[PDB]
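Peer 1: Here are the chains, one letter per residue:
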Amino acid sequence: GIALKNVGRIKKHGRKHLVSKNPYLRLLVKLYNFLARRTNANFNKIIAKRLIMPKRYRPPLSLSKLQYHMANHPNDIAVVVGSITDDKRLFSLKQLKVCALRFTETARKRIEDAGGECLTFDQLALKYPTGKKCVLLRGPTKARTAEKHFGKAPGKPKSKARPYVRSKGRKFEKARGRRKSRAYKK
Amino acid sequence: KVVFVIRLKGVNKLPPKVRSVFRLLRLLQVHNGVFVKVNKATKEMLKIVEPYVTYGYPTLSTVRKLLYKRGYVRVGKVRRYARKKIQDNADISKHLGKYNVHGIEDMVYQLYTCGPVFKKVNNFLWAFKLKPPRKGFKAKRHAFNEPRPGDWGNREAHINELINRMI
Amino acid sequence: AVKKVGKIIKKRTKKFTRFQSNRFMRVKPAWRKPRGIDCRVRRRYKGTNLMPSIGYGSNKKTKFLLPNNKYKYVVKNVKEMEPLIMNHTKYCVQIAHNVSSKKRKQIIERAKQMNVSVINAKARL
Amino acid sequence: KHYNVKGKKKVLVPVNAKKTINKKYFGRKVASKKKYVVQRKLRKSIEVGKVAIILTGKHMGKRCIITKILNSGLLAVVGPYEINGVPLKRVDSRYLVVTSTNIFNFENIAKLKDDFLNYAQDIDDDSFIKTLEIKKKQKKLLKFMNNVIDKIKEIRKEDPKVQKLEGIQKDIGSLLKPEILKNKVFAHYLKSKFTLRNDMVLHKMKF
RNA sequence: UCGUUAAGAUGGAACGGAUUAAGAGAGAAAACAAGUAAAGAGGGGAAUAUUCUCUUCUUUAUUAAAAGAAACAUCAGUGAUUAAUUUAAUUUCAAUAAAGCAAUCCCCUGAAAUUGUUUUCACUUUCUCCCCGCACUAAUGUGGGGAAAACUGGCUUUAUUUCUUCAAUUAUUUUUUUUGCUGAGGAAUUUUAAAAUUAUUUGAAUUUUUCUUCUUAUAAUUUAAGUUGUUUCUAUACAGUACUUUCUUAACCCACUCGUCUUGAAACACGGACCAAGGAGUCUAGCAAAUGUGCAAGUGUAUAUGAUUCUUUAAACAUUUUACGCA
RNA sequence: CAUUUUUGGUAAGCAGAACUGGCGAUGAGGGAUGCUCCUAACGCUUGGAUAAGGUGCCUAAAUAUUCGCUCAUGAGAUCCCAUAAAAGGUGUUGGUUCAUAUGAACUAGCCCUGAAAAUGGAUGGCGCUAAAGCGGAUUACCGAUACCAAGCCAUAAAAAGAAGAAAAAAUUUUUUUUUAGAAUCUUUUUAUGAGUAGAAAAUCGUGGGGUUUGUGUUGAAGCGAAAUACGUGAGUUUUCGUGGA
RNA sequence: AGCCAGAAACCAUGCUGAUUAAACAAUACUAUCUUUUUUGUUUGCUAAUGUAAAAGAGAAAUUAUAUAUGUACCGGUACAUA
Numbered sequence: 002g003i004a005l006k007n008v009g010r011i012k013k014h015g016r017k018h019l020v021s022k023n024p025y026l027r028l029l030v031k032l033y034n035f036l037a038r039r040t041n042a043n044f045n046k047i048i049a050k051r052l053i054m055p056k057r058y059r060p061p062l063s064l065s066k067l068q069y070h071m072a073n074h075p076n077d078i079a080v081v082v083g084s085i086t087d088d089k090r091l092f093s094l095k096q097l098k099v100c101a102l103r104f105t106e107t108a109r110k111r112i113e114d115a116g117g118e119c120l121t122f123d124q125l126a127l128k129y130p131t132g133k134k135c136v137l138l139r140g141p142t143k144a145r146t147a148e149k150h151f152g153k154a155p156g157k158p159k160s161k162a163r164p165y166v167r168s169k170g171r172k173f174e175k176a177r178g179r180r181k182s183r184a185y186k187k
Numbered sequence: 091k092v093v094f095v096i097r098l099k100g101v102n103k104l105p106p107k108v109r110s111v112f113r114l115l116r117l118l119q120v121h122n123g124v125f126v127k128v129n130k131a132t133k134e135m136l137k138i139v140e141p142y143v144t145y146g147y148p149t150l151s152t153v154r155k156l157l158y159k160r161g162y163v164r165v166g167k168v169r170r171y172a173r174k175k176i177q178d179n180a181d182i183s184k185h186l187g188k189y190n191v192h193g194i195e196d197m198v199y200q201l202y203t204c205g206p207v208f209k210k211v212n213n214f215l216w217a218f219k220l221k222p223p224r225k226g227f228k229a230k231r232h233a234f235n236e237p238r239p240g241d242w243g244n245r246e247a248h249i250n251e252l253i254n255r256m257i
Numbered sequence: 002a003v004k005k006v007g008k009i010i011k012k013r014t015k016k017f018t019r020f021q022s023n024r025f026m027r028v029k030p031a032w033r034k035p036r037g038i039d040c041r042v043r044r045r046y047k048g049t050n051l052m053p054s055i056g057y058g059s060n061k062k063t064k065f066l067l068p069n070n071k072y073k074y075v076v077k078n079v080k081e082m083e084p085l086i087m088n089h090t091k092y093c094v095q096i097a098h099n100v101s102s103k104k105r106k107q108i109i110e111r112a113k114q115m116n117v118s119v120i121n122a123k124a125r126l
Numbered sequence: 009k010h011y012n013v014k015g016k017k018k019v020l021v022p023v024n025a026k027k028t029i030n031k032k033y034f035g036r037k038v039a040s041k042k043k044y045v046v047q048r049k050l051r052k053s054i055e056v057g058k059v060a061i062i063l064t065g066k067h068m069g070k071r072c073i074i075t076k077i078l079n080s081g082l083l084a085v086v087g088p089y090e091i092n093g094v095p096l097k098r099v100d101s102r103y104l105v106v107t108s109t110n111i112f113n114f115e116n117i118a119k120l121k122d123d124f125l126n127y128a129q130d131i132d133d134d135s136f137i138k139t140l141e142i143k144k145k146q147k148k149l150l151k158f159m160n161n162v163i164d165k166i167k168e169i170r171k172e173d174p175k176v177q178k179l180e181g182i183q184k185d186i187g188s189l190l191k192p193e194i195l196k197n198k199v200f201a202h203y204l205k206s207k208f209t210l211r212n213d214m215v216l217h218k219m220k221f
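Protein chains in written order, with PDB author numbering: chain AS, 2 to 187; chain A5, 91 to 257; chain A8, 2 to 126; chain AI, 9 to 151, 158 to 221.
Note that these hints are calculated values from the structure, not bench results.
Don't take each hint at face value.
To be verified - In the BS3-like style, the derived pairs of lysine-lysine whose C-alpha atoms are separated by at most 30 Å in a straight line are:
hint : chain 1 : residue 1 : chain 2 : residue 2
1    : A8      : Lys62     : AI      : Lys37
2    : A8      : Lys8      : AI      : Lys43
3    : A8      : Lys47     : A5      : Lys103
4    : AS      : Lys143    : AS      : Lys12
5    : AS      : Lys50     : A5      : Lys219
6    : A5      : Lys175    : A5      : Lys225
7    : AI      : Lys31     : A8      : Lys62
8    : AI      : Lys31     : AI      : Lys16
9    : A5      : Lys175    : AI      : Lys42
10   : AI      : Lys32     : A8      : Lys4
11   : AI      : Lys26     : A8      : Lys62
12   : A5      : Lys159    : AI      : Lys184
13   : AS      : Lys46     : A5      : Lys184
14   : AI      : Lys220    : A8      : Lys91
15   : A8      : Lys12     : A8      : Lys80
16   : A8      : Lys5      : AI      : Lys18
17   : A8      : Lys5      : AI      : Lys32
18   : AI      : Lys16     : AI      : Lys32
19   : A5      : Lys175    : AI      : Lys41
20   : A5      : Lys99     : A5      : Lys230
21   : AI      : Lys151    : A8      : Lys123
22   : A5      : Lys228    : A5      : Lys137
23   : AI      : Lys151    : AI      : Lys52
24   : AI      : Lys41     : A8      : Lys71
25   : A5      : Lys188    : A5      : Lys219
26   : AS      : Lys17     : AS      : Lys149
27   : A5      : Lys188    : AS      : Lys46
28   : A5      : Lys184    : AS      : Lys6
29   : AI      : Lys165    : AI      : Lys138
30   : AI      : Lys178    : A8      : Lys4
31   : AI      : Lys196    : AI      : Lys178
32   : AI      : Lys27     : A8      : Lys11
33   : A5      : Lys155    : AI      : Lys178
34   : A8      : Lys15     : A8      : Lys34
35   : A5      : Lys103    : AS      : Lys6
36   : AS      : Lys143    : AS      : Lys161
37   : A5      : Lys99     : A5      : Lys225
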């Protein structure tokens, strides 16, 4: 009998293929898989994987954040494997070249008004199949409110995770172990 | 300089340090044989698994014969290997081309006497899965060293006859 | 034991009839997997009724093949002739349970035009 | 003509090639990739001057002398037609027990070696073929009964190849018979059938 | 559940598994026979409702063939057998017939006088001879006591090795006798390329060659580059007593009441006479993560209003710019 | 539960710990039998050669070879394992110290005494003594689903991929077969395959609904008996009989 | 080693059973029937088939085993022969 660690198996994890029945996205991933396998570069492969990912790994990217990044890359084409959202804290645009998974209509209109460029991934594929002189972008992973509750147990030393609180009420969840006066404090 | 170590015993009921050394050694299967670079740490490791292994100095005929008749090699990417019989030099001249071996005789030469390029060649080849001995043993659970007839531990030169017996 | 016919090898003829089915009359012969403890099936004591196993599964070239050397296709309408003509060299017609004799006869005639035998041809005559 | 790797000198015959398979997608191909089939290269015990036992034919147990090795690796043998009435028969070396004993015991028999050799030389495989037309002719009689079996034997008899083979057989028998016949003990041995009984060891037995 | 008939079985269980068998049944759909000619039954298409022409089934017989199972041979893979073999290596001989050398002597082996030596005398044979005991013995002899020799053994030689030898054990090697089992695959450019081998051709090499080596050019082939060939048979069948396959007892080997709780049940642990039907993780509320979907700093459209909305309409559709929930 | 260390308790198949390995959750081969000891962990098959273990017969291979020792008027005979001691012995066998090939003294090998129980009774049974006993050694043979090679299945990983003529039959041309591009997809390769409690995926079936395109009284469903049927399987499909919506 | 006598024990004897031996022997009478030869045995029935072992299914000293068998003399002696 042969002694085997993990019974000889590679049992790596994560998405096998796109679980959605959405025709356009299934078509799109077929394209980017084709490009990824043939092309030498990492860029296409990374885009293909990122296209496959779950909804919480499809965060929105802020237009202001994209704009802030692209000012050091001033003539170059941003690609974003997520949605681009508009900003009502943002005074004006500086004119941008953006490929994204989804555009909010107000942002798209703002980009068009600015004289910028709204690229779909198929259009990007046609124009830049190599990905040369292109810039891969992605939004915040840990911004989401579920993750704000993740990490070390509430009331356990040095912890700073949000509790899954009972309700908004003043009297609730500020006593025992959350103030030194009542029992103890974290 | 070298020592050829053959496993003898099943994988049921193994002590934990012995499991670890076996895992490093690569004698996972009960009739695995493998070449080992003589060193003190290698000898000490070998001493710990001793009641479950025979070992010795293999001789040139045996080294040549064993690699020829029972040589398999790991073909795939790093840790995505696959077990292929050799049958042509160009495959093994690819992987051991960087380390400038490129040819099965060169592999025989390094295995027979440890030279500048031993670890890689040794690692690169698949561990030898041997047959049973075609005329058996006196008694499996007793040492070759014992006054009582037995077979485990150092068999020195005479390892060759056993290898010929179980090829 | 094993049943070769040409390059169609089928491993096992005997169906895996259910554990001690004659012993308790209420039991039916089709397989049912014991969730019992000490069942003498899963606890794998030799000499009892054998468990079915995926290992007995057909070779991929054969998979569902008949000794006829043609895959069986069941037919309940005349219109089913139109794919069966292009596939006749690889597929054989079986006529369905229901089929009324006038229609059935017409299908049988059609099958002869397609140059493919009906494997249950004598039926309803 | 031959291959000589490791000194072997095999002797090559062009393979006929007959079996077709439907191939990977489109159409068919013959199975045999190779073009030359190896010549049989029979064991050294088998030889022309030797008398041999026919093991399991109709005429089995008879002591029959070898004539010609055919290119099929099948050789011809006769338990002389004058002596035993037995046909010049085709046989494998696997179904024939060749003895050490030699037909050319005496100078007279050895002086008639060339005539026997010429007779031996003429025969060929094509004379031993059944013939499909003839085989069908015999078969077509099926659709009192004993008579039809006699008629089948007559149909076999009529064949020109059978007659040609029988001529050579008769010539060989006629040539060899007087010298063979003169020594009664050897004639009796030739007539006598091989037998198995108690004390037939087989393993130590000499042939 | 019970009755009738038939078939089988039957020495304190019953059934089963695995594997064959004999019986009893069933079957032709791969489990043989395309085409060709003759005369019956149908059907179509074209030419400008009927001429031309194309077709499938029955029928008579008439040439193919293929397909599988055998069997042998041939390969390649993998075994088992029984003969071996190469040049080394390792305190290894034995005769052959002529010479010599020493007799308790010698190849040997004893017993004696840090650290080396070295020296002493002890030891063979006899179917030879003698003396005492004369037949005294296990004996076709003998107990004791002595000699003799070198046949025997031992050494030194000189030649000799198929008269007899030339062991054995390692090392690297090279073969060989029978033989067992196996045959996946299927190459529209990796069944390709080189190698190998054969017949050629050119230059070299060296252990020097009728299987000597390399590389220079040309061909074929296979040891490359996962079985092929030949001959039978089924059969010149139309389902048969053969063949396929179900059922049926047998027989060899194996085979403990299932569920169950329990560390642990074949149990002297608990439940179960039997068969049929029905028979047990659901639904609501609120919450969470997951994943999909639509939109995004918004979101949902709430109650409700509205309509050229009226079997199905109990839904669907719409909502004349700071309502509310949550963010 | 076992080895080893181990505490309490007269001890305990007792209670309590330590380290590690088993069983639990586990088939298979041996241990005569046996959840745990030993060998060894398992898809389906073919062949090989071995392990633990055997080779008098039951029962597969040796009445093998080879040297000792052993006769028992209840001998003895494979770990766990199913009793056995102090103590004796002028039974026999070796030793070793003494004395004068005899007399002492010791010594340990076997054997004997020490050695009594409950159905009839247990080296597994028959039996075995020039062993088939006990202690060695020498081989051969037999011996697993473990081991090696090969095929097939599924799982896991890896390669790789989003357009063209092959054969046979006829009499150069006629006739016969084939001629793949569906991403949870096809081709290929290698590795892997235990399992209660438990988790997942792929399936198969039942009632109803929408949808699609069919089946019906030239008898369907249903039901009994089946089928050279198909599926690893649940099942599916079909025949004959009954049957009549 | 070789022997002997010796117990309410032991085994026979005795006695009881013996469809405990799927046991058997002898005798008496009987059932269109027995014997020899030929051809057949591919409505419950009304011609009729079964073998565990053919292949040359070949083979009759005897106490023996630290000696046997004859033959000749008187179980003994002598002489042959395996």
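Peer 1: Does each hint fit the structure? Answer for all of them.
Peer 2: Hints, one by one, checked against the model:
About 19 Å separates the Cα atoms of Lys62 (chain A8) and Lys37 (chain AI), which keeps this hinted pair within 30 Å; it holds. Proximity of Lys8 (chain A8) to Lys43 (chain AI) is assessed by CA-CA distance (about 25 Å); at most 30 Å being required, the pair is judged to hold. As the CA atoms of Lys47 (chain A8) and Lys103 (chain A5) are separated by approximately 25 Å, the hinted pair is consistent with the 30 Å bound. A distance of roughly 27 Å separates the Cα atoms of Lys143 (chain AS) and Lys12 (chain AS); the hinted pair therefore holds under the 30 Å criterion.
For the hint linking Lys50 (chain AS) to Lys219 (chain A5), the alpha-carbon distance of about 40 Å lies beyond 30 Å, and the restraint is violated. Between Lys175 (chain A5) and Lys225 (chain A5) the CA atoms are separated by roughly 26 Å; this keeps the pair inside 30 Å, and the hint holds. Distance restraint check for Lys31 (chain AI) and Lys62 (chain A8): the Cα-Cα separation of roughly 14 Å lies within the 30 Å cut-off, and the hinted pair is therefore satisfied. Distance check on the hinted pair: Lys31 (chain AI) and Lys16 (chain AI) sit about 35 Å apart at the alpha-carbon level, beyond 30 Å; violated.
With a C-alpha separation of about 25 Å, the suggested pairing of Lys175 (chain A5) with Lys42 (chain AI) holds against the 30 Å cut-off. Taking the CA atoms of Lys32 (chain AI) and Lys4 (chain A8), the gap is about 25 Å. The hint holds against a cut of 30 Å. A threshold of 30 Å between alpha carbons decides the hint, and for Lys26 (chain AI) with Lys62 (chain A8) the separation of about 24 Å falls inside it, so the pair holds. A C-alpha spacing of about 59 Å is found between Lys159 (chain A5) and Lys184 (chain AI), which places the hinted pair above 30 Å, so the restraint is violated.
For a cut-off of 30 Å, the pair hint linking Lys46 (chain AS) to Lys184 (chain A5) stands: about 27 Å separates their Cα positions. Only pairs whose Cα atoms come within 30 Å are accepted, and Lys220 (chain AI) paired with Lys91 (chain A8) is rejected, the gap being roughly 60 Å. The hinted pair formed by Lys12 (chain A8) and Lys80 (chain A8) fails the criterion: a straight-line CA distance of about 36 Å is larger than 30 Å. Only pairs whose Cα atoms come within 30 Å are accepted, and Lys5 (chain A8) paired with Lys18 (chain AI) is rejected, the gap being roughly 36 Å.
Note on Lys5 (chain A8) and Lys32 (chain AI): the hinted pairing holds, with a Cα-Cα distance of about 22 Å set against a maximum of 30 Å. With a C-alpha separation of about 37 Å, the suggested pair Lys16 (chain AI) and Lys32 (chain AI) falls outside the 30 Å cut-off, and the hint is violated. Proposed proximity of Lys175 (chain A5) and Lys41 (chain AI) is supported: the alpha carbons are some 24 Å apart, at most 30 Å. With a CA separation close to 8 Å, the supplied pair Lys99 (chain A5) and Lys230 (chain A5) stays within the 30 Å bound.
Proposed proximity of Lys151 (chain AI) and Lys123 (chain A8) is supported: the alpha carbons are some 29 Å apart, at most 30 Å. Of the supplied pair hints, the one linking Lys228 (chain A5) and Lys137 (chain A5) holds, its CA atoms being roughly 22 Å apart against a limit of 30 Å. In summary, the hint linking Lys151 (chain AI) to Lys52 (chain AI) is not supported, as the alpha carbons are separated by about 49 Å, beyond the 30 Å threshold. Between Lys41 (chain AI) and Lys71 (chain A8) the CA atoms are separated by roughly 29 Å; this keeps the pair inside 30 Å, and the hint holds.
As the CA atoms of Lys188 (chain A5) and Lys219 (chain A5) are separated by approximately 27 Å, the hinted pair is consistent with the 30 Å bound. Using a Cα cut-off of 30 Å, the hinted pair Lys17 (chain AS) and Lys149 (chain AS) holds, with the two alpha carbons roughly 28 Å apart. Between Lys188 (chain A5) and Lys46 (chain AS) the CA atoms are separated by roughly 28 Å; this keeps the pair inside 30 Å, and the hint holds. For the given pair, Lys184 (chain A5) sits about 29 Å from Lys6 (chain AS) by alpha-carbon distance, which is consistent with the 30 Å threshold.
Proposed proximity of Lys165 (chain AI) and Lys138 (chain AI) is supported: the alpha carbons are some 16 Å apart, at most 30 Å. This hinted pair does not check out: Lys178 (chain AI) and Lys4 (chain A8) have alpha carbons roughly 48 Å apart, beyond 30 Å. A threshold of 30 Å between alpha carbons decides the hint, and for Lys196 (chain AI) with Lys178 (chain AI) the separation of about 28 Å falls inside it, so the pair holds. The straight-line distance between the Cα atoms of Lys27 (chain AI) and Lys11 (chain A8) is roughly 24 Å, inside the 30 Å bound, and the hint therefore holds.
Only pairs whose Cα atoms come within 30 Å are accepted, and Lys155 (chain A5) paired with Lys178 (chain AI) is rejected, the gap being roughly 59 Å. For the given pair, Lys15 (chain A8) sits about 18 Å from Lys34 (chain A8) by alpha-carbon distance, which is consistent with the 30 Å threshold. Restraint check for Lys103 (chain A5) and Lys6 (chain AS): satisfied, since their Cα atoms lie roughly 16 Å apart, inside the 30 Å limit. In summary, the hint linking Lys143 (chain AS) to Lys161 (chain AS) is supported, as the alpha carbons are separated by about 14 Å, within the 30 Å threshold.
Distance hint between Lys99 (chain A5) and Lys225 (chain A5) is fulfilled; the C-alpha atoms sit about 17 Å from each other, no more than 30 Å.
When the structure is compared with the earlier hints, violations turn up for hints 5, 8, 12, 14, 15, 16, 18, 23, 30 and 33 and for no others.
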